[PDB]
Every structure is written in C-alpha cells, then in structure tokens.
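Make the full structure from the sequences, and use the hints.
Here is how the chains run, residue by residue.
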Amino acid sequence: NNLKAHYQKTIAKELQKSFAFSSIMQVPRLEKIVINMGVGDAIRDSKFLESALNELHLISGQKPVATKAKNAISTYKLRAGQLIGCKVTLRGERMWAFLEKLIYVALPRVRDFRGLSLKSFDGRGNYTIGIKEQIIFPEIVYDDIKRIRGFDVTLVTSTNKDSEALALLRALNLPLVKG
Amino acid sequence: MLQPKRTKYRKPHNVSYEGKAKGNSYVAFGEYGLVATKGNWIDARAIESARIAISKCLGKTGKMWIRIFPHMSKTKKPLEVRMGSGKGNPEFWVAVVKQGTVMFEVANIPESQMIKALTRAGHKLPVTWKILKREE
Amino acid sequence: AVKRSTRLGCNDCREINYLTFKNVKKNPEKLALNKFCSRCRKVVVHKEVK
Amino acid sequence: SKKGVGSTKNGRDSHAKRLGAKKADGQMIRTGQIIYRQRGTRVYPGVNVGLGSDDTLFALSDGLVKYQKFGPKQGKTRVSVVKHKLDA
Amino acid sequence: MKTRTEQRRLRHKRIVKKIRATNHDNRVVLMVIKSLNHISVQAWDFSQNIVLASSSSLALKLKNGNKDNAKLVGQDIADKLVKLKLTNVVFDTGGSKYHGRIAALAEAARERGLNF
Amino acid sequence: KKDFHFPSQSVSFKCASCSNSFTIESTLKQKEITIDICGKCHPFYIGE
RNA sequence: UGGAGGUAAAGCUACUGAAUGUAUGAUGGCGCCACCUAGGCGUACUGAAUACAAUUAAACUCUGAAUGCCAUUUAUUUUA
RNA sequence: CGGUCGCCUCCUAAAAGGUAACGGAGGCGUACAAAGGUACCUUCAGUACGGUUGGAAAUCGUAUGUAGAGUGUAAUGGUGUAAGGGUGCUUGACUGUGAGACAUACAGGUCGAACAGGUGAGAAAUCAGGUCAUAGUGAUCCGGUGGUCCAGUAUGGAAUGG
RNA sequence: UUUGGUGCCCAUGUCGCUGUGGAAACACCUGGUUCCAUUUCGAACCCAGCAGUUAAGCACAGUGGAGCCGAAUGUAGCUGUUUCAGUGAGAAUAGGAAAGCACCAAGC
Ligand SMILES: [Mg+2]
Ligand SMILES: [Mg+2]
Ligand SMILES: [Mg+2]
Ligand SMILES: [Mg+2]
Ligand SMILES: [Mg+2]
Ligand SMILES: [Mg+2]
Ligand SMILES: [Mg+2]
Ligand SMILES: [Mg+2]
Ligand SMILES: [Mg+2]
Ligand SMILES: [Mg+2]
Ligand SMILES: [Mg+2]
Ligand SMILES: [Mg+2]
Ligand SMILES: [Zn+2]
Ligand SMILES: [Zn+2]
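Chains as they are written, first to last, in the deposited numbering: chain d, 2 to 180; chain l, 1 to 136; chain z, 2 to 51; chain u, 17 to 104; chain n, 1 to 116; chain x, 2 to 49.
This list has only true hints and no planted wrong ones.
Computed footprint of chain d on chain x, listed as stretches where at least three residues anywhere in the stretch have a Cβ under 8 Å from a Cβ of chain d:
1. 6-14
2. 21-33
3. 36-45
Calculated from the structure, these hints are not laboratory results.
For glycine and all other residues, C-beta sits at the position ideal for the given N, C-alpha and C.
Below you can see the structure in the form of structure tokens.
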C-alpha cells in the first residue's frame, strides 16, 4: 500500500521526535487485528454458523477458522466438542488493507459513529472495537442470516503502555472522541 | 454448644490426651489464663458451662477468649446391645486438652475479678487447673 | 458377563488365527485389519468371522 | 433380651500387593531381575535400568545397583545399575 | 509466548532427553545448531560429556545461511569423524525441523562414510 | 497461504463530493464502486 | 558403611477439611428514602478475600527422626 | 432373624514387606479402531483488564498465576514440554519362543532382557508382543465349531477319536 | 581470560527493579519467486540476504523488595539404663545468597 509506505515515513519521523526515542523501532508497531464473529445459535441452528463464516471470509480475504469452547454449560445448551465461533487474525499486508478499509469505508458508514476511546485500552496496550451491525460493512450482500450481529475487532501493539498505544492511534488518525 | 458445621468422617479414631503440650501453651491474647495439669477429654457441654460461668461473673467491659475447640467427636453404642455389628453413632463432641494447654483467658477488668472468674471456670472442668499470667 | 469379543480369520486359507474385541453398538462396520498369518507366513488381510 | 443389632456395610479389603524395594543398594544383580515394584513411578529409572507395563524397574546389565537423589529440593529418587566395571 | 531461540532450546531438550534414554550402544551424538546467519556442528559424547569433533561456518570461513555451504560443513565434520575412527553416530538437530539446510548437512555427512 | 476462490483484488472506491479514489484489496466487482459516505464525508472526522 | 521409607514429633500462609480474636471489608438481613426500576445513606447484625496473632486431624503434609529392614566390609563362632 | 461370601483402592498397619475383627470409607463383573503404535507440533484450570447479541459464567486479545487443569472410572500413587491436546501414516490390540526375577502351600498370578520370521511409523537412531499403573473375572468333566503332515480294531474307506 | 553454543546440575540457579553493551558472533530485521507451512495467519516452522537495530531477547554491574536456603543454644519425640547418658527434630532466629562444575569455535 502507498499509505503503508506513508505510515512508515510519517510514523517514524513524528513518533521519533515526540518522545526522543533512541531507536527508530522503539516507536510502536501494530501487529495483528483479530476478528471474532461468534454466535451461539450453532448449538441449535448450525446452518447459521456456516453462512457466518462466508461473510467473515468476504470481509478479510482469510477463511475463518471455527473455534471450540473449552467447557460445557447446560443453561447455554453448551457442550464440549462443538464449534461455536470463528476467529480470524490478519497480519502483514492484508491486515493493513483491512484496517484502512475499515476506517475509511466501514466506520464512517456506521449509523451513529460518535466514537469511543480512552475507556477501551486494557492497560497493556490493546484496544477492542465493538461493532453493532454487520450490514454496514460494504463486503456483505443483502441476503444473510435471519439474525443480525456485530463484531469484536481488537488491536495489538508492540508496546505495553496504553498511552504509547494511544499515541500510535493518534498518529494513525483513528477517529474517536479526543482520541 | 460448640460444634463443627461439617466433618469429612463421622466416626474417627479417638485422639489421645497423654503427652506434653502441643500449642496453646502460653497466654497470648489476654494476660491471665487457666492452664491444665491433667490431660482429659472435656466436651462442648463443659465449655458452655464454663463460658456461661465466666460471662455471669464478668463485668460490663471484660473481654474473654476461648482457646480450645471440640473438633473431635466420640460415639456411644446404644444400651443393652451386644458387641459387634459395627461402630456406634456419634453422640458428643470433645476437645482434646493435654497437660499444659491454656483453655480460658481473660483481660480488661481488675485482677481479683479475673482470678475469681478463672476459678469458677475451672471448677466446671474435670482437669486440674492452675492460674498463669502473660510474660511482659 | 457381556460378550464383546470377536474372531478374526485369514482371507487366503480361511483359517481363524486371532481373537479380538469389538463393540457392535458403537462400531457398526466389519473389521478388515491386516495381520501376520502363521499358514501363509506373511502379512495378509484378516476379516471378522461369525 | 437381645434388643436386636444393626448391620455393618463396609467389610471389604483387597489382597496386599507385595510392593516396595526388592534389591538393596550395593547388592550385585544380573540382568532381568526386579529392583523395585511400584504403582506409579516412585523411583525413576537411570542407566542400565528399564521399565515395564506395571511401572516395574528391572535391570538391563550386570552390576551394582545404586540409588541417587535428584530433582527439585532432592525430592525425586533415581535407581541405576553401575556395571561391574572390573576393567582388569 | 516466547522468542524463537527459547522454543528451539525446549525442542532440543526433548531430543536430548530421548537420545540419552534410548542410545544403548553409546554412539557419538552429532548435535547441529543452525542460526539465522550460520550453522555450526559439534559431536558430543554423553558418556564422557565432552566434545570429540567440531565444525562450524566460522571455522570454514564462509558466508553461510545457504543450502550450498551446509554440504561443505557436512563433508568437513564427516572427514573429522572418519579420522577419529567413529562411524556409528546418532544425528539430532538443535531443535529445528529436519529440512533444507539441516537435511543437506545430514546427507553430505552420510555420503562421506558415516553410518546413520 | 493461497489457492483460493475468493481473490483479494485491489478495487478502487470513489466517493461523492470528494472523489478520493482509495484503492483497497477486496473480493468484489473490478470497477470503481462509489461509496456515498467515506471518511472525508463525515462531520466527526473533519468539521468540528 | 550405603540405601529404601514417610511413623513418633511438629506444622498448617505448604494443600484438603475443622477452627479463635483483632483490623480493613465483598455479601446478605435490617431499616429510612427515592424509584417501580436502576438504585442510594446508616446498619443491634451475618460474614467472602487480605494482613497480624494463635489452633485441630487414622483416611492433612512444605518438613521429619530413633528403632527396625535390606545389602556389603572386618573379626569370631556352627556344619547347620 | 438381619447382614456378608469373589476381585481392586485408602486407613487401622506401629516410616522394609506381611498383619485380624459383624473395624472406618468407596468401587468393579468394563471402555476405546481410537482413548492402541509411531513421527511431528503444541501446553494448565482459574482470575484481572478491554469488547454486539451475550447475561456471574459461551468465544476473542493481553497479562498474571506454579497445579487447585487434564490424564474414560472408586481411591491411592504418578505425571505440568510429561504419561495432557492436535495432526499425518498405520494396525505390534503380531507369529514361535524365552535366559533371569517378583510373589506364592498348591493351582494359578506379575515383570522381562534376548533370538528367528514378516510388518507399521520415522531421514535415521530408535519405538511397537495393547492402553499412566493397580479391579473388568470361573478349575475340571461333558458336548459343539474351524483347521490338521496323527490313529482308522484283517485290508481300502467311513464311523469314531487325537 | 571474553563472547557464542551445549551437557551436567535443579532457586544460595528464581521473579522483579535500575543502568551499560556490541569488534566478531547471538539476535531482532528485510521479502515470500523457489524447498517447506498455518486446524487461519511467512505469527510460528522453512527458505535467501544483512539494509536498519540495541526496545527486546541475550551478556555484564548494582539492587537483600517478593521467593529460596539457614548456624550455634534450647526443646518435643526415641534407645537403653536411669528416674540420667547418648541420639537428636519441626517451628523460630542471627545470617548467607544477585549461582556453580566441565567441553568446544573465534579475537585473545
Ligand atoms: Mg492393599
Ligand atoms: Mg501426630
Ligand atoms: Mg489448615
Ligand atoms: Mg440368613
Ligand atoms: Mg514396620
Ligand atoms: Mg508397611
Ligand atoms: Mg482418579
Ligand atoms: Mg495418533
Ligand atoms: Mg495414550
Ligand atoms: Mg456333566
Ligand atoms: Mg479298518
Ligand atoms: Mg539495552
Ligand atoms: Zn492364511
Ligand atoms: Zn467523501
């Protein structure tokens, strides 16, 4: 991506000057965006899950691996050995493609993108974005599951301090309230 | 009546009271204490009698601690029953008091009432009691 | 006692040379293993025999 | 009057397996002789000592048996058969 | 969860434990360790806990990290072992999958008179 | 990994008001699909 | 002289249960309000968790003997 | 009269092994074509934080945590790079045996180096004669089934046996 | 002697905090077109190269905070004979402790 080279030059220079980092790679670097479209109807309406996967596929270009629970609960009808939920972890070029596509196409199409920040870092530098609806994502046809759901896009960074993660977010211009 | 809320085993082997003093040997919460001079099995009934005696002869501001606790149970076969057919059912709970264990301690009221209070507590117990004070 | 045992016989000399176990309720398909045969003195397919 | 008596419910016990050490330290031993019978590896195997289908330690060569304490806080036991090593 | 070097050490510990448990004929143990730049090789003896023979890219003075130089390293280590009169060896990797450079080194050693 | 039926192809996206033809890899139609609200067409990102 | 062990004892911040007091205190009971649902201020009191000090156990052990047992070395004795 | 009668695990059992009572607690008369064999890869439960449906607790990411997780099961012992989880290929859940030992009144039981034949995994070293280990089992007689280089009551068969 | 690799060991070897370092090497790192790979991700494994790098890891110095180890005296249990001679724990404590033993390759 041309903006990926732009990320390289711009993040390097600005971040380097902002904290007098003694090495260019001391600046934070983003690693992997996990996407987790999981649903419990596969205990009963297994068919739904299959369709879920395909839509997830259509958004990222990586086929989703379906995850299995590590316990069993009667109230949730859960039992061990079943697949309830798919997770995808994008890296390299494809991850930056998805990130840019999200911030520029998917996110500003959000019904009321008022944003949420400062109250999302986990204290170790991560960040989770809870999407409410899937239809807003451009890579989805109108025909879909009878139930509509959201997303749990999360982020990681090389640094462990949430403030430096916020600094990278501001350098990337991720559009949230005051952050 | 002090009684354990639950026990893993209903019928355990009895615990000997012969020997020296394992723990609860020195007054460490109050400063006067009722020491034993003869190991014996004393049940929760004697504790309640002794504790009620101390409380009645206590004042409005005295404070007390009960060290020993009836952890171990004991059984008793029903009357007119010939030997055999298993162990009897648990009947009463007893605390194991060895020679040298401090059973009751008192503080926060003048010495004479405390000496008298320990005397009435020890007359309710089978063991031969003795008064001790706390090291400075 | 329950009878979960089964017999495995060769498919060349039709001799029964092995005694094994099988769950008819769980595993529905007949065993088709390959074991040593004393007669043929080689490895050969052994199938379940009534 | 007998008054009758209740019934006991637990009077069952199993045969005692004669486990434990068989060959003591310093005793000469030939191959294939049992050195330690156990349920679960209470004594680890070392050099010239094998294992069975019952976690039984048996020798693999002639020599003198020898126990050595090892492992965290010296809580693990290990047995070995130090070969005759006569070597003229 | 870790870094590459720690995982290789863990796998190497697995291989060393297995070899010391089953190597009954007391063969010399040829541990090869591959790095990002170079790959070195040393023939230890777990009975004496010493090194009998050694070979390395530093010793052979090559810009290594290629499958080509792995053949040269294998030839050198096999020549040293033959001079040492040891031919029954066990070959283990430093904890890396047997492939590429590792496979080339092993085949070069095998083709130069080694028995493994 | 590769050998997929869903090819990640660099598709361009146009927008109203500001053209801003962003080229992004996706498994869609190979033409200039126009988006009605992009990043630059949002009161939050630019515009108080 | 070497070794195997987990008893006596002791310990329970080294586990599993039982269990005392003090201090901070989840929790409920109890109120008084507002609010019909999200709750709030004190609780005659119950008591999670943590810290300090003290306890109990055949089927508890972070520990832990002596005796006894096995084998070997030396000296002596008996042909069992 | 009631209860029990075989096998396995713990305590009583007094730190080798063994040790009884109508002493104290429990289980078994199996399960698995994978939960076996091999090669490779991999490592808890819980808790804290952050996140649509989703809630105290489904799934995700990071960190912490030295076993409270798993090891089909009743307990005991063992085992956290293991004996736990996943994948690929397979059927050694082989044939004929078996020096030497454990424990035993006998009958029976348990471990097993090593040899020959032909295989499976693996580059090879090596491993595989069922499973992390201990319960899951019943003598002799009688008759039935399959194979067979033995017998066939004068001889050839057959019957009937071995 | 120092760096790198490895075996033996299995905290007086740990966890953490503060600083310093790279010549060669160790490492991150640069890319997935080749061999090879993801229950999906060149993250990992595997390739072919050293542009950048001392944040890491790694290696040195300090740090007694957590964890670990723990003397002597005394005591409880034991063996005998005594109602005293040995044997001697556990707990607690002063305190130690920022690993140690060998082999190999390079400048030394
Ligand atoms: Mg037994
Ligand atoms: Mg005791
Ligand atoms: Mg306790
Ligand atoms: Mg009867
Ligand atoms: Mg004994
Ligand atoms: Mg015993
Ligand atoms: Mg169990
Ligand atoms: Mg398998
Ligand atoms: Mg298994
Ligand atoms: Mg008959
Ligand atoms: Mg005839
Ligand atoms: Mg540094
Ligand atoms: Zn045949
Ligand atoms: Zn626009």
